[PDB]
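Okay, here we've got a single chain as structure tokens, the form deposited without the partner chain, with questions on binding and movement later.
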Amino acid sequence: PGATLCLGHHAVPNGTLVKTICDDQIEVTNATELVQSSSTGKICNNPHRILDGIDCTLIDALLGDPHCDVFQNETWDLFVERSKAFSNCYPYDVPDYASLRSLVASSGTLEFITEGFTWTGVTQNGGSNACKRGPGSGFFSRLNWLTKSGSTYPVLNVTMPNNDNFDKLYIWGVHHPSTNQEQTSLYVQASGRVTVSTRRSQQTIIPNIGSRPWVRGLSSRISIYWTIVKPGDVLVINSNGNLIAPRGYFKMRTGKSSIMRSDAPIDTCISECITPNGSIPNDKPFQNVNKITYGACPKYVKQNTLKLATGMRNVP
């Protein structure tokens, strides 16, 4: 007689199709998905520190719109801006809005330190019924609206040295009145001017009188500007009207902080990777959820699926 000895390999009843160099579709015993294509729909609040902006943008929180003052001195790894956000204070614009938003998001804190600026010969703490705080008139919390004292508005001239070992962010502004009557009523001078400088920088802004579209009762505007002062440098502020003064400075930080736009709810759970759609797992090398991401995240690709064979050819 004798014997027979046969060699073989396993197979399974289903099997999965993958693509190769030589086959557009070939059946293997097993494969694994390399593209993350789903989200729970919630942003996980750990391990990164999430701050939900609710009704507030980061810029509105910075300036101190009253319904946003809850955010005073706050910090975040990720600031979440909601599409439902709204402003409820003096109508304003920010030349280079995007840059201020970017640098604050990156700084990662709203820590604010009041300084004892002296404002001689003007009325301080101006307010408006466009920016109500409780039942009465009010203003941005971090800014100081200066107006005339008696029948005059003198040349303001103040300085603030940086004797700390961190960078200071100063936020300040310029008022654009809607009428000539308004300009002279507030500031006496028919035209003001504001110049703020450091030892290697300078900014001069001339207010512009005229109407803009009516917003929250006002046809006037404030333009917001900012100046960073390094250790050993110094701030100088010079104005004869229309100046919206700082009350102090924001402490600058460096680190991993950023900002994201999302309407995703915030859940209690853990994920390293955050997208506007919600958090996603990062076990796969690629993802098709969003090109916008934060944290330890799969790489964004266009494909919605890619299969890596994890077994031999399936030959049942």
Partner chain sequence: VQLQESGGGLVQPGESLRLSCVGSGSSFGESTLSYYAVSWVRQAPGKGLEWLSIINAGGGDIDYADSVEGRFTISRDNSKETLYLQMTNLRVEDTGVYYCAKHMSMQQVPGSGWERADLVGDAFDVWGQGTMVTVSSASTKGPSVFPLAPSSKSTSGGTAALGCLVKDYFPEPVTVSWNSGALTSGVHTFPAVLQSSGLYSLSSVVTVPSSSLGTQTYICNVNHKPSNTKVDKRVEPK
Given for the second form:
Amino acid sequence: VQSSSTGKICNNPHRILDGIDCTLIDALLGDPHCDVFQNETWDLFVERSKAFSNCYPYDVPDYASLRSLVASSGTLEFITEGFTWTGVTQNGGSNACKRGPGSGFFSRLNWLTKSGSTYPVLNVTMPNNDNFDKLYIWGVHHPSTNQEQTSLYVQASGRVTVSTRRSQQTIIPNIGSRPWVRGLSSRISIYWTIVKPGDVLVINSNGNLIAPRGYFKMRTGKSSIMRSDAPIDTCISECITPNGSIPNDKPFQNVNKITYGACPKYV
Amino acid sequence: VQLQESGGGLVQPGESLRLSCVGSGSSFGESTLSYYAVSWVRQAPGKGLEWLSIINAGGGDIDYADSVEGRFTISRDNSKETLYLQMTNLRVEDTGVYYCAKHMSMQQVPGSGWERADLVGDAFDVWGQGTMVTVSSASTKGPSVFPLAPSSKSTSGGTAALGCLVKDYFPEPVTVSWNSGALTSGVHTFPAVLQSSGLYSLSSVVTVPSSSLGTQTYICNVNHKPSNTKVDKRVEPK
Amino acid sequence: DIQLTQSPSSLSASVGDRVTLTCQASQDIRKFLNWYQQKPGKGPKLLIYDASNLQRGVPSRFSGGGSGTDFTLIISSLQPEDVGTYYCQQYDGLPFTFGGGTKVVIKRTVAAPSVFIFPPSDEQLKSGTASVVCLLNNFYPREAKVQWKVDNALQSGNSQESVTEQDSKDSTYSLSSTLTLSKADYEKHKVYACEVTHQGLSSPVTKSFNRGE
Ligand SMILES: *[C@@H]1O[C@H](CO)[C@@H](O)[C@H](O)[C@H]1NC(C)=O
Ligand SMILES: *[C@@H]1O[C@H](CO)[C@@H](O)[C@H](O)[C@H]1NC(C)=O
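If the structure you just shared is the form deposited without the partner chain, then what does the corresponding form deposited with the partner chain bound look like?
Following is the full complex, with the preceding chain placed first.
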């Protein structure tokens, strides 16, 4: 029964990616201080308790499922697609989400606003004509007042519908004040859609769409994610726990229920 | 949204001057000046319009015309809905009317945390009334006001002309009204002419019924703000 | 820099006429072209934005067209209040630039001026100078000749004229001519006359006074 660890995660034989100040979800969305994670890959993504968000305030309904899905895929490989957004203003940014000296936004999302005095009913389509599954990440903006709503989107109530042949999500923006985060009471909510080969992403909105820019490639394989503050070290160990790498030569272990790699069974 | 410039006046060549433009009222949303990019534009006496400088809603993407780059600085204080133009090393050819002009496209929604990625710099949908800047070595001088008296031979049966001659002032502008702005019908205030002395002169005239000459008041109100001169001249027959 | 050239330099047309103003750009500016109206001594007002969009509140007699290098502003039915200067303006590139303007004037029926002469005031004579003023009121067209005579001597070099802008309701002008003399010269002479020549007058009109009467 293996009962101790070194307190460090050995960087072989698995590709360990240290999140440093970034959650996987922030790396996914493209929070600017996470830009260095663009198109990264891992066998194990390590999330640290120092991680913090530094972009527009957001939530993710069913956060844990998206985090798991992405973690298991083992890649942030992103392919930009030729989405056409007729009659709207693209690339909205924020002083809450600085990239370089200037206001910015999540790299993988496209904040659409009115053009002139109009925001039309957007109706766009993106077929999956590839032989793999595509993951799309998108959102909805929740203004804090009616005046913000009509200033940005014209319509007094927006709506975002994203569908494939297999399913449909219709999100209704919720106008109102949330708790203050760094001087803002507005939020974005994040949602996702998987598009299988031969299916088609359909997006329909008359306001408040935070649009996708393209898709993330989905793989199935051995990859995962772990919450741990253990430092990474230069050594070899097959079995990793949040407490650190452990030898796997004994058949049982009581260091942690959470393990990555070929490990001893937990007790 | 309405705009009002201020700060214009006479300065010597090489001096500095700071202009202000204040936004008041509402537009789409109930939008204020801070939603919008704004430029300064000037017009030299008798000439066309020259764009000088632009500033985005959030204070960035500043640019200048080559004529003023290195000397003028544009800035804004959105808490006061105020724009500024700091001018330095002023030259005679900087003389003119300076306008604040708002660009039409919404560039931010303050409090929302949204800013438009690009500075559009499209049509100037609101302009202020303009503030006059005069760069000259000549001295400020208040006007003398003299009556243009309706004649003894002002039968002209039934209609008579009277006025005020506003002579020998610098710089522009002077304003004239009649009876504190209550008499407007039939009034002509002529454009100022530059005399050979280097001072300006103008007349304002009005036509009235001949029968009204004994029997009601006609006062021309002359205001020359650059010298703090204010005269109310009562105009009567000899 | 992008240069905009407007045509014509000025025009006159009758109330109700269809009027065409043009703007040519020195390079392709797509549709990044706006039109303004400026009435004398007032700020400009936006008429047309992005080549063809009529600004809210502007009368529908104004319309705009063109793209690339050649643009037009059309007034379908010219009205007395349309007098002023019209400017095009591009924002394809920095620096933003304006055309030199087209001045629009109403051509109306000839109207003879009403003429008035004003002696200098006694108060002014205390300054050592005398100003004699001749007023031409509410006339059309703008062209007029005012000659000053002092005991029948034609004056030159010592008068200046100023003219109003065309009135936005009746489409007439008014004009002042001011004769400047030293007090000493003024007091050497008796008869001061303003002689006006204008299309609306079959023969010249003279207004005069005798000094001190
Ligand atoms: C969206 O696109 C399809 C294909 O053109 C069309 O049949 C459908 O009516 C559109 N729907 C809406 C809500 O605009
Ligand atoms: C490992 O970490 C877990 C969770 O913090 C803790 O319950 C456990 O006691 C630790 N075990 C060892 C052997 O360090």
